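Just one chain is shown here, as structure tokens, and it is the form deposited without the named molecule.
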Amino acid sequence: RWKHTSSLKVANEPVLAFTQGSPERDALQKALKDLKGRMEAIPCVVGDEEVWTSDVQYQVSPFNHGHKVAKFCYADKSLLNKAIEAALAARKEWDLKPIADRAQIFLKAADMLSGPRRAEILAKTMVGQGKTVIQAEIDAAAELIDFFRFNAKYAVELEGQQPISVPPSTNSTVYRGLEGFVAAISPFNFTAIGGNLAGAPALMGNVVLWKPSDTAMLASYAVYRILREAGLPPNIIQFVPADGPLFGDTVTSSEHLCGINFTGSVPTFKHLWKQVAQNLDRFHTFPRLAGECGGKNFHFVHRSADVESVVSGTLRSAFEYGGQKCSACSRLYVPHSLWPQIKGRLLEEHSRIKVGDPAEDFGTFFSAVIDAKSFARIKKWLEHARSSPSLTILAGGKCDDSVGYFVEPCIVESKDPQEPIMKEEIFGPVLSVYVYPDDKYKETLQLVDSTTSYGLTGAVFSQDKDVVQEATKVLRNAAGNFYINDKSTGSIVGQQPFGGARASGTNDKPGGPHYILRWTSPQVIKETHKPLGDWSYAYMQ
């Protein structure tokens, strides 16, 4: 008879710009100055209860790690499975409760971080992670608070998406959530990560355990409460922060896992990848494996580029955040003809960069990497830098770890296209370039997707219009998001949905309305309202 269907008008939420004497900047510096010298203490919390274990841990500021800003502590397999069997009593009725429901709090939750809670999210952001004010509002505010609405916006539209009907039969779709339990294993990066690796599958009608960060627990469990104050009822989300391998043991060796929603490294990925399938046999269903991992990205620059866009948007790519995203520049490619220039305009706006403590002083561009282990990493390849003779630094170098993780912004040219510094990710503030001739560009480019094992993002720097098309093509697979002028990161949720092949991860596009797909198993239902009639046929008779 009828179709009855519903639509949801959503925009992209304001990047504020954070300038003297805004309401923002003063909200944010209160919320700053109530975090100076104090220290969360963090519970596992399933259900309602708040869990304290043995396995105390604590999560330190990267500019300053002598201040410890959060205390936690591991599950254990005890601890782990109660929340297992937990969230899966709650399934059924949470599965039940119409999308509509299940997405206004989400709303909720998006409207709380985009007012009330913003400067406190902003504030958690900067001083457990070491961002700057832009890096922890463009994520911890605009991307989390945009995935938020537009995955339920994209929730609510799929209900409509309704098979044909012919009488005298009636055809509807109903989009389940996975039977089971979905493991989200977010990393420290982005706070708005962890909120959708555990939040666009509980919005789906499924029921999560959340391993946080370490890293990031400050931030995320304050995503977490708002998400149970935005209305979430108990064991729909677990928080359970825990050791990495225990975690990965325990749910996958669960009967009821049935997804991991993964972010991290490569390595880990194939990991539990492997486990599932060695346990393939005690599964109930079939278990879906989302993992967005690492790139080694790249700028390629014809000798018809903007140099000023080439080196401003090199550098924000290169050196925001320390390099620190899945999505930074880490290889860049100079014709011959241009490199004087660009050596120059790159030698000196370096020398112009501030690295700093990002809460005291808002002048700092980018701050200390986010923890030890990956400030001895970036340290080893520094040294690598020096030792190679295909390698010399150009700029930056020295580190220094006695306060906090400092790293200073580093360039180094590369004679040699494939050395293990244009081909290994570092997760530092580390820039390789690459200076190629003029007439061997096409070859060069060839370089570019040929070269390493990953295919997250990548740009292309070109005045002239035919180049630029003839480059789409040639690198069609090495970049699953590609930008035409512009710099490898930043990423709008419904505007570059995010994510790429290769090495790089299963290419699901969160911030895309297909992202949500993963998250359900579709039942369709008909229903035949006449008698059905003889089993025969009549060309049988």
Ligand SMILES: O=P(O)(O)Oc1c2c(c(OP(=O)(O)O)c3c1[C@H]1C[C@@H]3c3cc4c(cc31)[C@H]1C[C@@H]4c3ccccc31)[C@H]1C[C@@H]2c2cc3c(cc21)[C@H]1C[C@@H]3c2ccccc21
Second form
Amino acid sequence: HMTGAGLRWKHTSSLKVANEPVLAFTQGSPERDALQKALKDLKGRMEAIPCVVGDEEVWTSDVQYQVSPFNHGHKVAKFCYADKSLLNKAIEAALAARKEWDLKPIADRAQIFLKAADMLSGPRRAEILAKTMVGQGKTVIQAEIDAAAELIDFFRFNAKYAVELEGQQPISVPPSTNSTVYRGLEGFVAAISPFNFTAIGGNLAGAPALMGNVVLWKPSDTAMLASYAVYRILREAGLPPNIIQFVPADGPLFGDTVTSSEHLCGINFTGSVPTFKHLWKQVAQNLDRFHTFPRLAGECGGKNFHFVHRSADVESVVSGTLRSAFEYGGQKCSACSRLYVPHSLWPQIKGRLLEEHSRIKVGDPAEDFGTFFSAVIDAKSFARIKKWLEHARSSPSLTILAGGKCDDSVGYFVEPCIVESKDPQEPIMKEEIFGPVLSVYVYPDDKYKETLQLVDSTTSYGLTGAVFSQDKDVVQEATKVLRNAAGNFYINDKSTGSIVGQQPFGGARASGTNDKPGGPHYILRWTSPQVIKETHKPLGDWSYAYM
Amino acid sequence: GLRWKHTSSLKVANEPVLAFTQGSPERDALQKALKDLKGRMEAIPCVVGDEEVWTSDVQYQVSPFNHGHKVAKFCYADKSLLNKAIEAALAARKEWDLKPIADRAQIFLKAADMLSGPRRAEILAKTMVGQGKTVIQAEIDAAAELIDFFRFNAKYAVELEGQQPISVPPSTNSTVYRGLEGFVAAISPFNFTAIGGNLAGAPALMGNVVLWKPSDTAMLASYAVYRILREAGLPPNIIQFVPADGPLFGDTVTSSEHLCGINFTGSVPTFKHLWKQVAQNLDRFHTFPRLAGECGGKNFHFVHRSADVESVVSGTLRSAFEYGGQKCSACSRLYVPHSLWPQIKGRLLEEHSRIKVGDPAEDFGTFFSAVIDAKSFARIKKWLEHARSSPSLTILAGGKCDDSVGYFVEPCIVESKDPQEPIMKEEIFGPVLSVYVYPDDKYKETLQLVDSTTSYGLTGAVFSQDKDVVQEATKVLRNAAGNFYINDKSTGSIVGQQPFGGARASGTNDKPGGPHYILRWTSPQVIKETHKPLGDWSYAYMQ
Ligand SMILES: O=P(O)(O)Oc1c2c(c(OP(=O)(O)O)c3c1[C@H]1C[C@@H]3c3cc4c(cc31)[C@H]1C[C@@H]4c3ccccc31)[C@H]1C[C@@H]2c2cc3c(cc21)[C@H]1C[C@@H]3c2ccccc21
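Got the form deposited without the named molecule; any chance of the form solved in complex with the named molecule too?
In what comes next, the whole complex appears, and the chain from above leads the way.
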């Protein structure tokens, strides 16, 4: 007979989270006062940021300096590149702590990220915002949606998703009880972070770590001040040592070491396509030495489009496109750099764009809150955009309609640029600039279906895309033809501004693996599940009844 | 309108494994189906769309128990055919992807019902004769697990359509679970026809198009499941039936710019060769191809002195010798304590004599038949010669092998006095159960031995009625077995109960038969629709 109080039961835990509300920062608001004081508390001060392995904070000979993008005179952080000895020590110390961390129940791990998210919401919000602004050159709203809202939502929703996952259990028929155990991957996970979002840095390190993995985290050299802050918040959130290792390093050096290590089980990358593709080839050449097949997750690229139909709300189009193309200097994977305008609407859209372009204030985001966006991140990115700006002057099929000038005397300041391309296949319409350069193509209204195919076929990427129409039949047909042209599709909204739980972010084609961070299924890449079958009756005869 | 949409739930149950006793209608139906292969040989073409293509590279599949009987004639797809099959698949992909999940699932549900009802006897017989399976090993494979693979994946795919993001006004958010852009390459092994059906069936179900290379030595059975799907309503050019040379199929699909997936089950070094081939050709792919590999298997039966001794012998005989131990889940390591070993040796070798090896189509008393082909047989003979020749290896039972009429290996039990001997840590795919003997004093050092012996981590069994050591063994052998079994055999993973797969060198552990497997064959798109004008580009805080 079967036990009334025994293995007949099954208990499932849930968690009812909410998106962190986005503060207004209006004149007289206490978050404005708190952020402004936090900004003045970062002025002459350069924070000494060590390579934290366990609790032992190590300094090396390869000392590097993070500067403010809008003021490359003032250095905001002193840090150092971890060498092969420190990276191999970080790996071996992490594996030693992995099995204990993995055996820890999901609720105990989730609580560390929940309490990290709560102090991120309240008393340490102004700190992380200010450090992102002076560190990466964000305005207050760009840092509020990033370092606050998205990072908090990443820690809360991924916690939520990880406890509902434990509830996903298989069917049990007697005499066997079946349970799925959601183990972390066996080994260490390499987390590599981009400059443009501190939240992404927190997700790529935090999400694997949440699932019972150990993480060697290399943050971006130009996002270091804010990246060490979110690391420090996680350590006094109650994260044990050797679970996330703060190991800044030279890109190639980090890449070479973690892909030559026998204990690599995952790479959580966000950045450029060729460096992700290089790591992919490295793990393939070294595939014989690994214990487990390493799981590579990459979010890269984005040559994203705003498609406009003649029926569109023209005022929403220019508001949306100006925000998408130029917010944080268009240094977003989701950023609109392709505007497809119909001939009929072009004079109205061109006129309104150039008028509103003239009202866009570029300056210091710390001293002038009226600033829309500030400098791009570094001299290498500035040079790249400077060559793209002169390409807009040199190329015959291109015309600069607004902006075009840049000056790196004080900071890496690029004017918001609107380029008209008569050629829809011009390299400026294909290659990612990661700067404030919007390319515009005017199409005849007769050939709007041909243009829809042309949006799909032009670029190698498929991350974000928007269509603007109040006609419902064209958005229906635009949805089906651009089904694979955008992993994040927008009807009458800007191609940027992915909120966790509402718009899980990521695209296919050249834009990456599309593992959809901010959605329920992201965490599944960072668990290698086990299933326990326990039979309670003796088995019986090895032979069958047909013999 | 806007704020409502029809979703769908699907409640499925596992297909019941029938008893096949004398008098039963299923046993008579099977042997009347078996007596329809005895003197026939099916001419199996490559199927591209609705076109049956033949090539000069004509090949044969013989019964492993009677290798003089050609039971299927087929042919290898050349470069020209595979590329034709790729482009034709891509032309069919867009309308197939756009087809709602309910309409796609209805094909596999209908296909499952055919395989369970009027086509059950056919697919069992064709599996037994084609691959050398007994009645029951074909029943849990060609019927049950394949029915379950089609029904449970159909369930999991429509439950997934319900998993939608939160909508905050004035925006409404939906996830569209698209198939992968391009074609998926499905490479099936010989051991399970079900796995072949799943490897090509599952990606397809999620709106992908598939080039399916079945195992040469399982062609008859795998072409028969292909034909179930096609007259169950699967349109042309969704699954292309393309038997081919292994390397050349690997070379062609890894060279195609439209590759977006490899659903592999087979040998570990081949999966790595495809991995290397993809990475070497990574620049010319339109997207990052998703590789799903099910490899490996050097699985263990850890016995503690406090175990049901009769469950240990009954389980390990089944796990290690069923379908001649040619399972990824098959037990090849027996860890028995010194105190209990005289009692188990006596019972292992006793039941070894009662094992009947022979024709499974003719003799239903047969426990297991011949191994799959000549190249599999030569490996086992090398190992049976090694079991004789090695100083640490003592052949307790079995030893001989005869390829007179079929590739017949008698079940070999070996006692190893060295637990790090190649026979402990190299995959056989053949009926060699190798045993180590450990002292009851030195038991938890042996529990940590079984973990670090082999590079694999697929399945594993612990036998003990002491509940304190099974909780201890679950914690020690966490990553040594993807499918852990407490007081049950290492084999017989049922879909929806024991999702099959393991980490380490055993593969990518995507858990086919689990709810998450299908998520490797969907690349989700999220649509946000805002129903009010966006307002000004500048914010309140700026003024
Ligand atoms: O008639 P019930 O008291 O409600 O118990 C049965 C149940 C179930 C039963 O199976 P069914 O859905 O096929 O009818 C049964 C029972 C009763 C009737 C059938 C059954 C079968 C069996 C036993 C009791 C029951 C005894 C003899 C046999 C059995 C196997 C293992 C332990 C105990 C038993 C379901 C539903 C229920 C049940 C309970 C469990 C499980 C499954 C069930 C899972 C999880 C737990 C369990 C314990 C041990 C092994 C497996 C399980």
